[PDB]
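Left out: one protein chain. Kept in place: all the others.
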Amino acid sequence: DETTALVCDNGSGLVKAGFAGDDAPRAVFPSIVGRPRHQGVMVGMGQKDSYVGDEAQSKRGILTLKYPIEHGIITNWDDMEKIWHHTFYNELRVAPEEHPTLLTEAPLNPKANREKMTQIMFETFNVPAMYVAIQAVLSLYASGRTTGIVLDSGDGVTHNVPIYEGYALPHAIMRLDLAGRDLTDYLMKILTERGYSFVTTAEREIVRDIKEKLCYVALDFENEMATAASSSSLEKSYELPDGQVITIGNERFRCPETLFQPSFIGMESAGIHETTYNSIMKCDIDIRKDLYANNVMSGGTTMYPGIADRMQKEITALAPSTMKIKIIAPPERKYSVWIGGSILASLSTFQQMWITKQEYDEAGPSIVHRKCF
Amino acid sequence: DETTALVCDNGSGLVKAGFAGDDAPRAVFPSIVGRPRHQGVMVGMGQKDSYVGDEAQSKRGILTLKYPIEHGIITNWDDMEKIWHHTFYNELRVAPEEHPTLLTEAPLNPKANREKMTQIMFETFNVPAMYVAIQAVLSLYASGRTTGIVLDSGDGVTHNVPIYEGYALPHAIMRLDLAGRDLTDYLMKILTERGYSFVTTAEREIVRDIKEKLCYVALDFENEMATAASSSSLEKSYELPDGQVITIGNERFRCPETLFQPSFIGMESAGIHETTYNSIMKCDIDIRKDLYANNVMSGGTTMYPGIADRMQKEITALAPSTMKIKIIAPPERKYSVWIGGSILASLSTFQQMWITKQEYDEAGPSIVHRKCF
Amino acid sequence: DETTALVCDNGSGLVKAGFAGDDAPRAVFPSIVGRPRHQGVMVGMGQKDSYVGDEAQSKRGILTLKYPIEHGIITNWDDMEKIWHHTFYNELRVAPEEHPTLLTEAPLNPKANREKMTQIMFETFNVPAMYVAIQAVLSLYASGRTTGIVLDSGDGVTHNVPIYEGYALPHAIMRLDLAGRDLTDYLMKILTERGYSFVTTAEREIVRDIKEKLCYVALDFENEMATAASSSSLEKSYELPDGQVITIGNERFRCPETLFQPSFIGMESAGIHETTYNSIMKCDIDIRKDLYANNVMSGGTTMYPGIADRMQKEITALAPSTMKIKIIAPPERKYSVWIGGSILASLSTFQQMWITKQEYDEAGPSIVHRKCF
Amino acid sequence: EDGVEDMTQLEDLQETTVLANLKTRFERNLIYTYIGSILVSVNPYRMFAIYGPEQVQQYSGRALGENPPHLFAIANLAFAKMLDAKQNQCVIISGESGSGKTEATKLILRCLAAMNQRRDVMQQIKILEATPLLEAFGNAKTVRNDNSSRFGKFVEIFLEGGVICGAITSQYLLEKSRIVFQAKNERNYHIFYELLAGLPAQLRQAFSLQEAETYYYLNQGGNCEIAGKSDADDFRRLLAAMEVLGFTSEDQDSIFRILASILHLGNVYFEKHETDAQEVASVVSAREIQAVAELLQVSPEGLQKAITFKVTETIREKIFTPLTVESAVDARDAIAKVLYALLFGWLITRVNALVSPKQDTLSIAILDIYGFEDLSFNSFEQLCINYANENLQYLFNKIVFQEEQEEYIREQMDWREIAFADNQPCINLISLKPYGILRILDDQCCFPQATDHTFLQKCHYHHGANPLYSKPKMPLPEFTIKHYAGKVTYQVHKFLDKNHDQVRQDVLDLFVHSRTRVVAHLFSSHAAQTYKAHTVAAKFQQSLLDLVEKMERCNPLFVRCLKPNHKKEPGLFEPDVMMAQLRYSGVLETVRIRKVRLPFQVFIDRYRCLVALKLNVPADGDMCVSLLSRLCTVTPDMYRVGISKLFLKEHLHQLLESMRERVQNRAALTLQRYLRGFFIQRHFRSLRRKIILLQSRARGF
Partner (left out) sequence: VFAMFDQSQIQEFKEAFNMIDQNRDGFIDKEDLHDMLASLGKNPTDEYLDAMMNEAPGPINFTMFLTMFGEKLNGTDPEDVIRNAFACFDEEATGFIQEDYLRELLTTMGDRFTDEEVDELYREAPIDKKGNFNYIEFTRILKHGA
C-alpha cells in the first residue's frame, strides 16, 4: 500500500539518492569504482577487489579510480550495477524489490542506455515499477514554475530545454559535451604552467577540489586578465594532502572561461550564453518574451561565483534591449533535479505513469520509449 | 414574460454578442479555436484539448489556430458549437434555454448553413425562439435610415444591398469573397519583400495587428507610390512580441488597395466602388438619386483612414456630375450590425416574427426559409 | 560580337556555372568558405586566410566552414564575392568584363538581395549585361514544356510555381523554408539515438554524404516502420573517414519523411504534396486538369529514391479520381535549372532582355525590379 | 396509547409516517423512540425526568422489556452485551450542536457510574471536572450555533467485572484551520477570548497583551463578542478546574505563555523586497518576533530564519533558500497550528495520566461526535466534516442492514441474500487514492503554479462522469457532491491556503532547544513520535482512520439527537425542521435500506374484494402468491408472508391499493344504481299499486 518511491539521480560525477517526499537527498557520494593497483604483502589484507563511493576515496592513494558514466552515457555496465547495488543496500539501507524507482537521463542520449537501465532495474533488482525522467523538467518542478528554459550543467553534459506552460519544444533542445569533467581536465593542463604536475586519477580528485574551492567566473575576461597581470591581489593558496602549498592566479577564472569560449579546449561549439540564445530563438515568437525572463540554472557546474551575472550580461548583449532578462539561480540548484524528482514521484496522479512489471513482461525493454517522454 | 432577447453577430473573424436593448455588445472576442501542437511534459499540464476566444490568443504560441467560418460559411460545425457554447455560458453568463436568439448571415449564403444553424439552436441549446437577419438591413437600422445602399465588409465577404423605403431589391444584391482575411494574407505575402517572414497561424494574428494599426487608404495610388519612392516620410515602425522592430513603407497603403484593384491578389472581380456603382445602376431610375446620397458603410474593413474619401472620389468619377454623392461612415460602423440587431430584437411588433419551437417541431429545419426573408 | 553568355546557378549549397549553349555545367563545387581554426606552427604554412569550394573540403579538418547563403538569401556579402570571384577566375577561367551573366533567385526573396547582386555584378566585376531569372521557369525550359507546375527543392527553399502556356500565376506561388539543409540537420539530430555524435561543421559534410548515399523515401511510412522494427533487413553500413563503421536502420527513411511531415522538425507547415495541391487549387478551374498531369520536379532534394511514387500517391489521394496525375522526374533534374538557363541565355530573341550597363548607370540598382519579372 | 415505540414493527415505513409518529410521541412528552436498537432523542429545551434512582432500578437489567424508551436502556444493553460477549462496546452520540448530545453523554456517564461500581463515584467526579477544559479548548462560535464542538471526544470507561477503573480521554478530527482562519460572523476557539478577557492585569502587562480586536487571528470574523456569554466567569471556572485537576501555577503560566506566543505570532507581516533573482519576504517589525521568542524562550534569529527561510540540509552542507510572502505566511500558520495541537494533546495526556487506569481487559467507549453540516457558504472544513459523517454513516448502514438480516432470519423462512447499496461510491469520490478530491487537493498543494481555479478544473475533468459529482452550469467556483443527506455545494475559495500544514525539521529543532521544560518536552515527544502527512487533509484522514480502527473491535450503538426548532422554544415544533434533521441524521437511510416490509393480516382482511376470497383463516401455506397469479398476472417475487411477514415491494403495493380503490368505486356505483332502482320501485309501485287499489275499493261496496 504505502510503498514510498525511490528517487535516484545518478549523474556522471555524483549519485543523489533518497526517498520521495523528502527535502534533501539521503545519500550523496561520488560515482566512482576503485581497484587496487599495487602489491598486497600482508596476509588477509587485500581481499577486497572493489571500492565504491566514499570508501573509494578514503583509499584513493592505492586505487585506480574509474567512472562508469561519461557524458551522461553508461559505458561500464558492471561498475554501474555495483554502484546501484551500493546505493540501494549500503547507503539507503532499503530493499529495492518493494519500492518504485525514478531515474533520470539526459535529453538526447542513445536509446540503448535507457533500455539497458530498464532491463537492469526489472531483472537484476526486481523493482515493482520504474520511470525515467528528463532532468530539466525536474529542475522546473523544483523551481516552482511551468514556463522557462533550463540550463542544466552537471559534469557530463550541458543541455538547454525550453518549456512553456508545461509544453516542451523538442526541436529547440540543445546539448553540449562540455561540463565539469572537461573543466577539471583543462585546469589540470593549465596548472603545469606554474610547475604543478597532477597525473594519476587520484590527483584528478585534488584538482577537482581546487576547482570547486578557488575557481570563479569573471564578469569580463580581458580586464580581469589585465588586473591579474598588473598586480598579485587575485592569488590564493591551497594546501595539498601531504602539506605542500600551491598558488594560482589567473587560472582561477581561466578555467570556468571555457564555458563561454569552448575554443580553449579545442571545440568549435558556441558558449553557453550563445547556445541558450539560439535555443530561445528556435521557439515561437510569442514564447520568447516569457523565456527571456525565466532562465533557470541547474547543476553543480553553475555554482561558480559570478556565473549568473555574466550569463545575464551576455544574454542582454545578445537579446534586444526591449526584453527583460532574468537569471534564476537558487542557492540549492545543485540538488534541483533531485528535488523535482522527489516532488514528481510523490504525486498521487503520477501513480498511473509508472512502468509496471507486467507491462515490461508484456512489451520487452522497449516499453520505456513509449511510456517515458 | 420579460425574456430579453439575445443578439449574436457571429462574423467570420469576431463574435459580437449581447442583450437586446443595450448600446454596445457585451462580449467581443476572436472567433478562433486553438489546439496544442507541442509535447506536454509536466504532469497535469496539458489536460485542456481546446481554447476558444481570448484564451486561445493568450496561449497563441503553442496552439494551432483555426477559424470555423470562411467567407461567411461555417465549415467546421463542432468548433462552431464550441464557440456558441463559450459565448452563451462563459461570456454572457446566461442560460440559452430561456432567451430568444437573433443571428445574422450574409445575403447570398448556401441554404444548408441557415438550416444547420436553426437545427443547432433548436436541438442543442434549446432556445425558445430564433430569427436569422441580413446584416445590411441591421446596418440601416443602426444608421437610422430606411433608404440607402449598404457596403458591409467584415473579413469574410463584402456585399452590397440597396434598400428604398424599407423595400429591398434582391436582384441588385452583390457579393465579393474579398475582405479583411484576404488583406491579411496579401500583407503577409508582401512583407517578404523586406525580409520579414510570418508563416504560422500565430504570426497571422501579428500581421493582422500590423494591418489594423498601420495600414491606410491612399486618395490616389500612383502619386502616393511616387511620394513613397522619392522620400522616406511615410515609413512607420512596429515592435514584434519578442522585441524585434520592423519597418514598412508603401506596404501601408498597398495592402488596402486590393479592395479597389482585386487584380493584386489575382481576382477578375471589380473594385468595391465599381461594384457599388453597378448595384446602383441595377435599380430603378427613380431610386438612383436617393441611393447616391445614402451610401452607408459598415464593418471592420471599412475602418481604414481615408477609405470614405476615396470611395466618394471614385463614385463621383463614375456617377454623373449632376448627382450628389454622400458616403455615410459613422465612427461606430464596426458595431453597426449588432446595434441594428439590438434595435430590431427589442421592438414589440417584432415578437410575432420569431421562429418558435412549436413551428420548428411542425415544419422541420426548412421553416427558416419562409419565416426569414 | 560573339560574346558567349555565362549562366551561374548559385544555389544555397552548390554553385552550378558554365557557358550558354553547353549541355552541362562546366564547374560544380560546394558554396562554402572555410577559415583556419587552429594554430599554425610551421614558418610559411598558414599564409592562406580563406578556402573556397573543393579546396575548402580538402582541408575540411582544420577549417571552419560557413555558407554565404541560407534559405536562398545571401547573408554574407564578402564570402559571396569571394565565391563569385573563384567561379569566374579559378573555375571557368574567363574574364567577366566581356561576358553577359545570367543569375537565378528564388521567387519570393527580399528585393535587397536582387539589388545587391545587380550592384556587385555591375560595379565589382564590370559585366556588360545582366539578367536575374526564376528557377522554376528555367526548370520548365529544360523540361521542354510551356504548361506545368514546378516543385523545385534545392537545400535552401522549396517553392511551387504554376505556369500555363507560358503565363505564370503569381498569386498561387508557394514557398517553404524546408529543404536539404534542414534534412541534414534532422539526420544529424536523430543519429544520436544510436550513439553517433556529429558536432562540428566538418562532420555536417559527412552527415550530408550519408544522407545522399543511404536515405530514401518510403511509399508508406507506418508499414515501413513496422517492417524495420520487426526485422533487420533494412540496415546498411557506412564507413567514416577514419575507418569507423556506422549502421542506420529506420533513419534511412525517417529523414526524408520530414518533407511530407514538417512537424518532425517542429514546423506547422504542410507537406510538399499538400502544398502542391493547394497551389493547384489556387489556379483557374480550366487550368487544373493540365497542371495535374504536368507535375515537374526539380532540384537535388527531389533525388531520393521513391519520392516520385509517393508524390503521385499523395496527389492521387488528394485530387479527384477523375483526373490523371503525372509526376515528371527526369534523371537529370539536379541540373534542370542550369540547363534551362543555358537554353534561355542562348536565344537570339533574348538579347533584348539583358540589363545593359547604360541602363544601370541611368536607373540605379532598381532597374532590375522592372526589367526582370 | 396511539403512539408507537419501535418503528421497525410498522407495516408501512415512510418519511411522512416517521414524522407523524415522532411528532405524536413528542406531543405526549415522550422524547425517546426506537428504530430497532437505534435510539432517537429530541431536545425539548425543558427539564425532564431523565434521572432518579427509581429509573435506574426500573431499567436495571432485562427486567423491564424496553417498553419505555430511555438512555438507560442503551446503557444496560451495552453492559449486557459486554457481559455476554466478553468484549468492549462503544456508544456513538451524534447530532448537531445544541441538539442535546452533551447532557446525553453526562447522563450516560452518571448511569454507568451508578450501576457498575455503586460503591465509589470518584471516577465520575474526576472525569466530569475535565469537561470545562475540553469545552473551552475545543469549541467555537459558528454561523449556526453559539457553542459548537469542533472535535470528537472519545471517553473510554474501563470496567473489571463491574469495577470502574481509570478512564482514558482522547480527541479526534480537530479542526486545524480555525486557529488561523475564521469566516464572517464566527470566532476562534473560546480559550483565546477568555484569556484576553479574564486575565489579571499584571499578567497582561507581562505578556504585552491587548484587546481581541487588535489581533489578526481573532478579528477576522468581525464580531469578537458573543451576546449572552461571560468570558471572565468561564475563565475563572477554568482556573478552578485546573486547580482541581492538579495544574500548578507554573503550568498555567506556561499555557498562557504558549497562547500569547500564538497570538503574537499571528501579528507578523511581510514585505516584498527585491533580490537579484527573486522576491524575498522580510518581517515588517521585529517586535512581535522578539515577543514570541521571549515568551517561548527560543532564539529570535532562529525564529526569524524558520519563518523567512527554507533549509535544504544534506550530510555535507546546509543551504538556506529564501521564501516568498505566501510561503512565509504558510510557515507561520503551520507553526501556530502545530503549537495549538501539541498544547491540546499535552492537556489531554495530563488529564488522562491524572486518572490513569491499572489494567485493560474490558472498556466502554463513549463518542461525542458532531454531525452533518450544510451551511449557506460552504467550504473545506465542512467538506472534512461531511467526509467523516459519511464514514460514520457507512457503519450506521451496516448496523441497519445487520438488523434487517436478523429480522429476515428471526422467524422461519428460507433467508435470501438481500441487496443493499452502501455509500462506498461517495467515500471513493472524496478520498480514493488515484483521483479522489482530497488526493487532487494534496497534489495541487506542491504543484508549481497551482491555484484554486486549477484545482477546480482538475476536479471537473476527473469527476465529470461521476453520478454523484455535479458541475455548475455557469463557470462558478464551486462543485456539488451528492451525499446521503442530499446535494451539497462546496465553494472552492481557499482550499489551497487552508491545506498547507507543513512544518520542517528546523522549526522542530529550534523549539526543542528551548529554555522552558514544557515546550521542549512537547516538541521532543512530537519529534520522537514523528510520516508523509504534510497537509491538513492528510492528517485529518489519518486521524479518521485511527478513529475507525479503534471502532471495529466492538459493536457500536447509535444515539441520534435531533432538534425540533432553531429558536430553542420548549414545545414549538415544525415539520420542515424535522425533515431536515431526519435527512441530516441519517435516519431516513433506514427507510432507503428497507426498499420489503409489509404485514400479513392486512392481506388477510382487505384483499378479499377481488374474487370474494372463499377460504377462512388462511394459514402459513395460504394461497397468497397464487392469488396474485390468478387475479393480477403478477410475477412471483414477494418473498413470503407466513409468520415472518415482510414481503410486499412498493410498486406492487401501490398497484394493489389503486386496484382496491377502483374496486371500491365500482362497488359503490353498483350499490348506488341498485339503490336508484329501489327508489324507482318504491316510487312507481307506491303511487299506483298502493293508491288505485284503495280508490277502487272505496268506490266498491
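Going by the order they are written in, the chains are A, B, C and D; count residues from 1 in each one.
Keep in mind that, in the parts below, a residue touches a chain if its C-beta (ideal position, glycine included) is under 8 Å from a C-beta of that chain, and two chains touch if they have at least 3 such contacts.
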(request) Specify the residue from the set D:286, D:353 or D:669 that touches the hidden chain. (result) D:669
(message) Touching the hidden chain in the complete assembly: which of D:377, D:420 or D:684 does that?
(response) D:684
(request) Extract the touching residues of subunit D with respect to the undisplayed chain. (result) 605-606, 608-609, 612, 663-665, 667-685, 687-689, 692, 695
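Criterion: only the chains that are shown with their structure count from here on.
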(message) Applying the document's contact definition, name the chain pair with more C-beta pairs in contact, A-D or B-D.
(response) A-D
(message) Between subunit C and subunit D, what distance separates the C-alpha centroids? Give it in angstrom.
(response) 80
(request) Between subunit A and subunit D, tell me the centre distance in angstrom, where each centre is the average of that chain's C-alpha atoms. (result) 54
(request) Go ahead and note the Å separation of the Cα centroids belonging to subunit B and subunit D. (result) 61
(message) I need the residues of subunit D touching at least two other chains; which ones are they?
(response) 443, 447-448
(request) Note the residues in subunit B that touch 2 or more other chains, in rising order. (result) 38, 42, 44, 200
(message) Can you tell me which positions in subunit B touch subunit D when the two form their complex?
(response) 42, 44, 47-48, 89-90, 93, 95
(message) Applying the document's contact rule, which stretches of subunit B touch subunit A when the two form their complex?
(response) 36, 38-46, 59-62, 200, 202-203, 206, 239-244
(request) Show which residues of subunit D lie in contact with subunit B when the two form their complex. (result) 443, 447-448, 457-458, 461, 473-475
